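Shown here is one chain on its own, the form solved without the named molecule, set out as structure tokens.
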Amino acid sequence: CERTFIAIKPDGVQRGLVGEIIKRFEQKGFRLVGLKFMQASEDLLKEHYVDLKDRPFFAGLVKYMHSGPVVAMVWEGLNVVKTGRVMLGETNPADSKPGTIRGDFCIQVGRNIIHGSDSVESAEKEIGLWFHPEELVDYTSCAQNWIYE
């Protein structure tokens, strides 16, 4: 099945939202395939935020995402990339609706708690950038036949 990359940013860890966030994906029916607590290197972050390499805020972005530990995750399921984004809510917490992670839990786009892959192709980039393939665990949910036909 399809897979997406979700990172809980420094502010999401600091504010004690790690279990809250993981619970949303579990209760939805998505399968945890990768989980990892790290301090992302500025190099790794530079590669991650490469489409913004020439934007001005880039320097600060990489500085901040390096300022503390992140929880890197890989989740799997039908349309997990788009649905994951719906579950996170709008990138700017101000346009995020109640019920979503950014809608419920944060305020400002610079401290917006979480990242999710925006496309299947960027998902595959980011999973590959953040995880070794032997760090991705494959198993079958006991609930699979009740989640999918």
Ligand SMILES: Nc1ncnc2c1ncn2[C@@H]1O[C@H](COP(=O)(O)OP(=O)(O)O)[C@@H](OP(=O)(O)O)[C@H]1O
The other form holds:
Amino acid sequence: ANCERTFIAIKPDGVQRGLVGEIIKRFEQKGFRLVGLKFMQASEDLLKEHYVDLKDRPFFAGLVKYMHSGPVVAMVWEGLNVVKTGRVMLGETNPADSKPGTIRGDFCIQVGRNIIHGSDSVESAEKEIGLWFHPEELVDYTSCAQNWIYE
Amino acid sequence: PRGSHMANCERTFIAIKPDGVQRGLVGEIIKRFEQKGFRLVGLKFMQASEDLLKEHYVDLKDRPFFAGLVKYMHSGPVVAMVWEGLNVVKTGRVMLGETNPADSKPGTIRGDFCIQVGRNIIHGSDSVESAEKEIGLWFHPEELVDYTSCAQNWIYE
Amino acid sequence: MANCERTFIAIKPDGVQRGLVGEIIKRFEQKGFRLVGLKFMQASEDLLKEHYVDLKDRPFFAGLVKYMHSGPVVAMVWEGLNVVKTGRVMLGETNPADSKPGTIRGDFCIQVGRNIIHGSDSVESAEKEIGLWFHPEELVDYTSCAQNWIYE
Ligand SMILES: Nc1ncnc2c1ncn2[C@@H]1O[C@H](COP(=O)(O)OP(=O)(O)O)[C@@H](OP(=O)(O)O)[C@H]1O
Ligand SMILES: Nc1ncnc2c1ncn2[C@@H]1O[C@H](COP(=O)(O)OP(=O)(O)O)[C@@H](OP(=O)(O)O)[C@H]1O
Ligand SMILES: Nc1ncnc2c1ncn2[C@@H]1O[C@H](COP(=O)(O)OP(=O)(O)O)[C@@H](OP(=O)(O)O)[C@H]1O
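Having seen the form solved without the named molecule, could you now give me the structure of the form deposited with the named molecule bound?
Expanding to the full complex; the earlier chain stays at the top.
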């Protein structure tokens, strides 16, 4: 419910093109609560486990190499239906189909340079959060606006 | 008729709810209507009485959320507004996004700024008939200001 | 290559009058499209009649030409993968009544006849429009510093 969490990663192209603050602002202004935030170079072992559902796809090795080629911003956000709603805010996975107003619709063009990843399901979010963050890196606090965001 | 000056003079009632005020979204919301080309006619900051809210939401008096909605709308100040323009009722609703924020698209006010249906930041008239009733209920005629936008000939044919 | 497709975008006199030039350009730059041509001009009625030749028999044609000649326009050429189709998506529906929030027309204008901008509808129309509005020498070629982060 209101405490659902999702994993969002800003990809190396999102960092290189100076979109970190823009992306974070979209989640903050929506009313989602920041739980975790890290900046790192993800190892190929970590990326292969993150993208384990894609291990049989032809683009898998290139996606892992690319995701390891620069730093990423790993994040955890909390809120009601944050997994599904986070995916709507990102826009379609393929930027060609993403609508203006979405992060990919506004800021990127091609699927291998799509700036961001968001968990596709509550099950995938729980696995991704556990893989990228130690439990002690996730911060719990109450937003001063909680009563104005949720009944 | 299409292209008539009178069609450009349609008005709608928009209220920024207590959560929109609390979360500092008043300026953001007003900027969206101004940049679109809609003309501001009325604007006031007020605490709406429960009697005014019960009449505003009279069609919902039998819904289970009615009492909570009236209490919530009375719990803080609201920004009441009247905007004018071609199809401003329907287009204002499109700009707000779906009533339930879960279904509102990015780019819309609710799509960008809020999450749950009971805390949806804003109300807009659902039809020209509801707009006429709502404008009359929230504003005295002397609070509605008429003027001509300097960009009128660049917004309308 | 497919990443070198080009489209023609014109900001109409109402877009210039209402101070939307920078906002429109920012939308194309932030998307990752490359600016190729940019010129500010009063389009002649002869140029506009050729640009809108397919509408010469429509009842609104004379008013459209007069309107497009009534003030300056910003003529532009942008480059990128599927920039024609994607540029149209970014502009929003031709009729602003049907354009969604988040698009240029959805955010900034209301009526057809004052719809702030034009974008090529097809690669064939883009080639014709670019040739009509720009001399080849006005089109600038350079490589974006972010090319490898926009395209694989
Ligand atoms: N050709 C490709 N090159 C690189 N990554 C790709 C390619 N096709 C798909 N993907 C990635 O493969 C993942 C799955 O995308 P799909 O389109 O197959 O499914 P999805 O729309 O349900 O996410 C996406 O990763 P992301 O969530 O980190 O964006 C997508 O970007
Ligand atoms: N659970 C709820 N709690 C509070 N208000 C609600 C709830 N469900 C619906 N409403 C409100 O009830 C009003 C009518 O919304 P509906 O979606 O029911 O519309 P409808 O009656 O045509 O279906 C909306 O008010 P607004 O225009 O000021 O936003 C909507 O927000
Ligand atoms: N009543 C009208 N007055 C002025 N221009 C019009 C009118 N109806 C259509 N047009 C213009 O006629 C052109 C063709 O619009 P259509 O709706 O017929 O087709 P489109 O949606 O497939 O592009 C558009 O020009 P633009 O690309 O420069 O915007 C459109 O604006």
